[PDB]
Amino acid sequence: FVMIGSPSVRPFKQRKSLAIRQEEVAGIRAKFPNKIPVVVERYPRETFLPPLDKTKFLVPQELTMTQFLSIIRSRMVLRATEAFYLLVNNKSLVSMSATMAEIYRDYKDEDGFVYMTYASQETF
């Protein structure tokens, strides 16, 4: 039974050259500066999951991924009997107990954006 595949509007690594977004990084860090910007892209390849209304979240210095995860599962649709992993950089399975500050220390990308993918299953 062929699972299907969905829009998956294009990766935001790719929707900017670095210099289209480098501004924004700086820009929003300036107005609410004591906050961490997250980019949350669906896994490109992912098929059972629905992708988000929006991609650039601001965050609190200190937020468990668990909470964060919830506030993401929260904007998805009728969905908590059914779990999905939330990976940093699509690569990195992390503590689910970790202040966002913590993650922003480790994995802040080239631009201040910490990128996350979320998938229903992945092999590496």
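Shifts are known only where both forms have a C-alpha. Numbering follows the first chain given and starts at 1. What we label the rigid core is the largest C-alpha set whose atoms superpose within 1.5 Å from one form to the other. What changes on going to the form deposited with its partner chain bound:
Looking at CA displacements between these two forms with the core superposed, a shift of 2 Å or more is confined, among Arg79, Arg75, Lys56, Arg29, to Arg79.
At a threshold of 2 Å in C-alpha displacement, with the core superposed and only residues shared by both forms counted, 78-80 is the one segment of at least 3 consecutive residues that shifts between these two forms.
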The other form holds:
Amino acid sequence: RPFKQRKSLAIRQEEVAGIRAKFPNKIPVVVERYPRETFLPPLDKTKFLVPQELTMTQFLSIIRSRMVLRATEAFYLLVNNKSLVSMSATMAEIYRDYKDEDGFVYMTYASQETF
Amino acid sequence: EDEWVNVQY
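Right, the form solved without its partner chain is done; let's see the coordinates for the form deposited with its partner chain bound.
Below: every chain and molecule of the assembly, starting with the one above.
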């Protein structure tokens, strides 16, 4: 259930617009499951609204918070499902660098993936 | 359910 297919581009834009208008300080994020994934538990929430002072490291933890896992096993958070980015980078950097056409930033969580 | 998770600070 990928978001880019669920919602048409114009709709996604409308959403991004209304919400960036609603919260002009926060980045809009779409975290999805790696479709090749079967091991990890699904993520109940799909859309995240994050501050700019937030780091990837913190966001990953927040995403982890929504899932019940053995306190040890980590997973990878791919931006655009193709970019392994700096753990230290802020949401703002990731936003400016990897902004999708519709204004969202798209992420994908995977326990393992091969390219 | 297609709705936002609002995080802050």
